[PDB]
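**Student:** Residues per chain, in single letters:
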Amino acid sequence: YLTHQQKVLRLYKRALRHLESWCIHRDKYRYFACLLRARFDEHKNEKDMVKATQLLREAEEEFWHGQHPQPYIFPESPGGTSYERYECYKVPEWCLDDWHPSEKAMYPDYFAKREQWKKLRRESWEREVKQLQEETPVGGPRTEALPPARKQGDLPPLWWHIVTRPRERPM
Amino acid sequence: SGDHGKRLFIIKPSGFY
Amino acid sequence: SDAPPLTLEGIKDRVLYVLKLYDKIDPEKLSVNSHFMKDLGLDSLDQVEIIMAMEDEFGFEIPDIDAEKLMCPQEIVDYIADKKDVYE
Amino acid sequence: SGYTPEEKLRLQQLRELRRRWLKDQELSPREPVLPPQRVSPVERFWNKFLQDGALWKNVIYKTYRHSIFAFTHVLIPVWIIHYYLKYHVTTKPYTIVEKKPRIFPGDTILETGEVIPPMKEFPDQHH
Amino acid sequence: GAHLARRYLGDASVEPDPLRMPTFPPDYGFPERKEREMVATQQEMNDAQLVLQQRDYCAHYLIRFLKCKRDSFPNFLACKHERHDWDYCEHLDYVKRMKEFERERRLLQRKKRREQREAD
Amino acid sequence: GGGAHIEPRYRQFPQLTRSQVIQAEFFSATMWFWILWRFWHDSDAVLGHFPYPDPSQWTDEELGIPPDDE
Amino acid sequence: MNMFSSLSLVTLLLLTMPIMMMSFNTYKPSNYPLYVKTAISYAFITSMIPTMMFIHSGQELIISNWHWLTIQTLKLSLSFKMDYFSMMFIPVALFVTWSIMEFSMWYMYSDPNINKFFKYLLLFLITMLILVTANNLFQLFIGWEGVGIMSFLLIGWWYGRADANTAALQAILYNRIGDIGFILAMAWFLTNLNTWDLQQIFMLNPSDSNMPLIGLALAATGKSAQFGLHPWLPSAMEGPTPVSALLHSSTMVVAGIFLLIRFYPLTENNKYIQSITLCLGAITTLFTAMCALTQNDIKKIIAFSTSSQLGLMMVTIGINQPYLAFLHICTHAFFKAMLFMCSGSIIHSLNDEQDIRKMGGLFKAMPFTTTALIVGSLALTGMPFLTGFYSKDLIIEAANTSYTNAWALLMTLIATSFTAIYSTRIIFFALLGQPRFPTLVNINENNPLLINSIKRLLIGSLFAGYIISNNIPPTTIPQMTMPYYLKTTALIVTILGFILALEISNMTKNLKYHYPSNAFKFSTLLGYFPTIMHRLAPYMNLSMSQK
Amino acid sequence: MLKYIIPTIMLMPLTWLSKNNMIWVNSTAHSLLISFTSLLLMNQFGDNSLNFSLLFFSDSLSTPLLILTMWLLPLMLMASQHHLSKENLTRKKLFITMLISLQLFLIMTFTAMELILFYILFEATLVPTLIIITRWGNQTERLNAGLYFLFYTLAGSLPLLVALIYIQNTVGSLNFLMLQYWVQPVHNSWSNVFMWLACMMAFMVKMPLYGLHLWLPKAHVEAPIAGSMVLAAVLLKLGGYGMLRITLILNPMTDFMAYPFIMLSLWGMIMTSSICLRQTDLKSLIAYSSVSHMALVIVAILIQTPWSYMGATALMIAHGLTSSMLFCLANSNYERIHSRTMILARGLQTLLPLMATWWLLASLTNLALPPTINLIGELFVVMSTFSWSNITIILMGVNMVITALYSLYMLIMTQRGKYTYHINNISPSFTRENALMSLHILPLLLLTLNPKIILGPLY
Amino acid sequence: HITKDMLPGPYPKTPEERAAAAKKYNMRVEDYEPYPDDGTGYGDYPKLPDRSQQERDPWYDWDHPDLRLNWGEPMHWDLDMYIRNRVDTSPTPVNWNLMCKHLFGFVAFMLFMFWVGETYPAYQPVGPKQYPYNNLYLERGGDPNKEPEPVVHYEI
Amino acid sequence: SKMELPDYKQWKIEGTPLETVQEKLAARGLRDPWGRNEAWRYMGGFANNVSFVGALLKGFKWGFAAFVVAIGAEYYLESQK
Ligand SMILES: C[C@H](CCC(=O)O)[C@H]1CC[C@H]2[C@@H]3[C@H](O)C[C@@H]4C[C@H](O)CC[C@]4(C)[C@H]3C[C@H](O)[C@]12C
Ligand SMILES: *C(=O)CCCCCCCCCCCCC
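Residue numbers (the entry's author numbering), protein chains in the order written: chain n, 8 to 178; chain h, 1 to 17; chain U, 1 to 88; chain i, 1 to 127; chain o, 1 to 120; chain j, 2 to 71; chain L, 1 to 547; chain M, 1 to 459; chain l, 3 to 158; chain k, 11 to 91.
Simulated from the structure, these hints should not be mistaken for laboratory data. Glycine included, every Cβ here is placed at the ideal spot set by N, Cα and C. Treat the hints with care, since some could be wrong.
[As the list claims (entries may be wrong)] Short derived list, chain h residues pointing at chain n, Cβ under 7 Å: (1) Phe9; (2) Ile11; (3) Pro13; (4) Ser14; (5) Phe16.
Chain n on its own, in the form it takes in the complex:
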């Protein structure tokens, strides 16, 4: 749903690129982007909610008849060339423990530093959940927010997986 306000911003954000796609040239697009800007400024001060409902409806059908068949896309996003083009090069962080000691011994700096992640994963384990138990709504969480740590030097609850994720470009 995203409430009324967000929809215009998400539409306004998306609207420009397609316009830029048809006009292409920066100076040309910049010209009609201001003309496009001249639109949403007029209806910036609209207050009556039903009045604001009808206007945005038009921006849907109106946009549906202006969209470029081949708009420009950043390669690293859906519709881009570089989407899911380097996923395989990311590797699970949990495969190390199966490493033969020959491979493991090559990296003494790494594992000794890893032990401060597993140790930091387990020593902080018991406390963090208790932080959430009282911070979790009764009968089931209402929303998917994740509260932060609420003490000195406390890890955020459920932090391991997010932090321990790969890098965009590992090699």
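Assemble chains h, U, i, o, j, L, M, l and k with the ligands onto chain n, guided by the hints.
**Tutor:** Relative to the frame of chain n, chains h, U, i, o, j, L, M, l and k with the ligands by itself:
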């Protein structure tokens, strides 16, 4: 490669076997 | 891709120049903590242009939500580096 | 709405370790420590023999690669192919066929010794 | 083509049948028609081994050009003197062919212009 | 691995190397040379090596068309 | 004779042993990229040695070194009918890929699968060589399918990519349908005739042969990415440009044409079959190019440029001009391979980007690419005294100078015209114009092989066409007599594209508005063929499968 | 063939009397040696087959299966000891003993020179097969599958048993060689119709033919790795061998009788093939592979042309090697992710580098990559079928096109994509697995060097 | 090892059966609905909108990211068919009803023109070609016994 | 790196066709908010863009210079045999 150090770790299954 | 590495400090001056290329952003009012809504007086319409300028300045698309919450340069700096895995 | 107070600090809470999670990837200079592996005497000579450099010295190394592969992979199979055809494939009937040579006026044969007639008298056009 | 409409839009009867021709007698309107002497002989063509699509009346001229190519190796352009003979000779056949294309048409026009009064 | 042969730049025109400029322009110069040389040497091929007979100007003199009265 | 025979097959046997180095031996690590390339270097030189004998002496030997099976009254064998086609074609594929192999070292520099790629790149060459030299359907068919397997893997090189997995399958799915016609020939010949080797069919010279040719047309369709079986070719550009250039723009999609040339004797006789071929070639070339004028990504335009060119290749078959169709493919192979490599310069220059709306001004930033992109397009445009002219001009004269279908024949004049319409867009959008590339520009072609590779191909696009056209044997009639407007209708109509295209290019800068055109959306979306087919049929089989 | 029979038998005492911890040691080595000796049967002749005694005989049609058949046995022991390790010695040897017996019950099955003998030995095979699945099956949830086996014997074996015995009284004897000279034309009459069905129906359940295939997919859910491999490697081929065998005495009546089967067979392929796509179960789709494949063999037999039988011989050998490999390949996950769910795990290429190779290498043969034997047979079917009726080409055309779909669907759905995050136990490929798989592709490919042996006596 | 009742069951013939039924699938009874009761007998599994998994936005973080599915979600009956590579129903810029009509017209015209072209083909203003030796009948493997009927081409 | 940046004030619509864009939007009652952003695209030599004819007349005199020498050699050489 193009800089001193910046040698990134390699994560893989245990290929010794 | 040869070797154009990036650094946390380096992104900072890039952010400012994108913020310097904004006509409305006075050079003397441009700072890391300059909240767009308050310190720079830049509204949602103005902010999107910067984020759009940023998207063309880094070659990565920011999703819808990740452009809304950026109402100061520090969030962007806290945001770009996290996206581009920049650690040093 | 900007990042909420919980959001604002929480990302740094994770971003502290997310970035540090990249720091563990830092590698020791000695890596990848791997066994020396055997070096056959074929390599041993050319490891030092080619370290001086320059145009003259390394072309023979280029020619060596070309020459060694030539015998093993060009001169050997071509020799081998010859024997196969020359004593096993041809000996069978209708094995290797060839479209017969073209015949033109006034050409002499060798097996027979005969000579083809020339062509008729051209009208001597403006040519 | 200007004549194309004269068939699919004009009176196609005068427009010849490009396949069935010659429809009227070859000797029609032409007494003592010469048989086009064939310079190249059946064994010579077999000796040449050319593709039958190339064994038309001007085979003799063509045969020489090919031989020069074989002799001219590595050169290929030497036979231009011989090249200018056959291809320019076939141009005479090319023109001579078009005579069949129209000569039949005029007999139909000749016939039409003759029987029209007979029936009217 | 030559030690950062060319540095990057920020909003500036990237550095141009002498090898590319010499080779590109040397190669670029050679691009149009083959056009002129071939054109002049055998311009016979540009617009038909031989003329085409004018179909409208031919004659019943050689076409063998019987006279109209006949 | 014996030298000619031995040197005929040394090349193939030369390529095999390097592959064995991946099963046995750990001799030379960290050199496979360069190591593999040199085989193609030597392969071209040695292969030309039979060629030069082939040119001078016209020696077309048949070699059957090993017998592999014999069933009752039908005998199989590993025969090598060294004939016109492979002797001249193989050198083209060898050298055309020579640049690609050397170039690919830098293009795929960051890939740890570079050895796998070099390993697999050669494997495709293995298929084509035996495929082209195949003297029999069975031997031919094995390669006829071999490319598909390599085609799938090389298309889906980035196995993480969602579309790449589908895209490789998408190519496969159409490819499978191709063999259906192929097997019919195999079935028809064994059923009616009693052998599959190409020799006996030409020996018996069937009087009535309508059905197997229909299979050949259908089989050629699948491998020729023609109208009806086109949609898969565009989707194969997801892979590396060398994969696209080497396979889907140089040789792989031309196999369907290749066989039709191999079976020229049968198709020609029944002009109805010739009529069948023209209809596909006519409709395909017009549609393929027509969509290219609109598509944004350059590689998409490049792919359709081959697709439109492919139409002429088939069209030449429809007029009983086999060796000429062979020429266009080889001449097309000379430069179209370069274009994608040159376009790769744009792809690598802009940090893996293809959309031309963020391109422009590379004339001074990348003159060398502008010195190489321009050159190849000239032959494609039909410019005189270029590899395209040495076939386009000669063949285009046959397009309207033989018994044809008017409606289909008109499709030829448009095709040549649309060929150059998109070409100015690529150069104008990418090379000329104001700088539209992003702020952080990494325009630096400082790699040796790229410079070296671009050099070598640029030689072929120019010198080869005259050499070949002045060195090929006479296998047809020289058709030079025709009205001058019909003589160079390509030149008359090719320039018309410039006039309208240049007007459009000027109309690009003009600050006038954009209008959604039905002839644009239809042509921009590729005429609804992919989207409608990629959404109708998939539901039917899966949804109805449960029943 | 006593030379082959007895050495297998003594392996049963080998299990009991061997070093308790060396039961896996001796079995493979001792069993393997038998595999090498298996080759000696290949002393075939052009015209006459190889007949030893009044009981046992071998020929081109049965020779490759015998050599193939024994080959499987060591592999089944290999694939099992991981999960049989959980079992105790007192009950562990019970698993090997049954497998050893089934080898005796099989080799003699393909060399029975008397049809009743063939039938007898053939019938007993279900006991080793069933007890293998039932007692030592991972599932014991009362699938109620007794109906199928109840139905099978009622409509299959039992009518077949009576059918055979009826022939012996009339002709005089049921020796397979003897019928080669005393077979008589079987005119179209009501009685022979029923004989024809009983003489054919039993096998169709085991090919399995279309409409009767409901039982096969469920088996691999229950049967452990060992049972599954033999089911498609061996047990399915029994029907084909019998059908190829008994069909010597069904002329000319088989002509009109064939059509109802053929349409099921020809149409069943596309239905069976496309159903592969909707099979959410690894083992089911792997099972479905056999269903469509064998349908080709059936038609080749019914058209009963000299060319066709060559394809079935090649096809029968070809498929069994592949699917038997596939079960272990897919089963290799069941020993890691502890289920048969295809979609659950993905992208095995990164966590198991080599393993994706085997999926690639084996998948090609399934989709008939030339010149592999698979295409040699499958293609031979197309040639022979087309002569029967040109319209048949379309069904073959579509089926092969469909074949590539699932041939690559699992190879895509499992060997690519993001590693499942919550999955964290993906261990490196084991030596047992690496070697065990290699035993399949190698001979399957190496047969391409000398495919002549697997062309049936027709060649 | 899940409880029996926590597995798909017969059609809930009364809302009270739905009230407990939707609890097994965890779905709100308001959206939960079993497929229509008939001989079909799918059970009581959710009758979710028959749509494409692609619809769920990728940038949402799920427990099955590429699958874009949340753990414990009630799967789709045709889920194995609606996955990304399989059946997809992403909206298009142009109407499906119009696009199908537009595409058919394009082809339906193309075929018609070819028939006219094949009913009105092209031929240059020239007659039939001429070949001596009675059309090379003997050179095409003709019969020596029978003399080909002469086809003589005169000068012209 | 330190990565010195160019001065933003250097890139302005003045002296470039961007200026007259502001003129048109100025006439309509508006102004371009990113004119200086695009200025670098038309400054520092980036304004210099060669028209299609220029792409069709690249190095003509360099080609034409040798063209005179190319045909000139034949003219005198033919006289000198
Ligand atoms: C056979 C020889 C082993 C010598 C050694 O290990 O000391 C190895 C060493 C490096 C190899 C060579 C390198 O791989 C590259 C050489 C240059 C060309 O690429 C052709 C192959 C080429 C000619 C190879 C032939 C052969 O495999 C070589 C020569
Ligand atoms: C057909 O192929 C060309 C048709 C072009 C139109 C020409 C119609 C008018 C021509 C009249 C003068 C030439 C007549 C031979």
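**Student:** Does each hint fit the structure? Answer for all of them.
**Tutor:** Checked hints:
no.	hint	verdict
1	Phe9	holds (6 Å)
2	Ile11	holds (4 Å)
3	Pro13	holds (5 Å)
4	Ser14	holds (5 Å)
5	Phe16	holds (3 Å)
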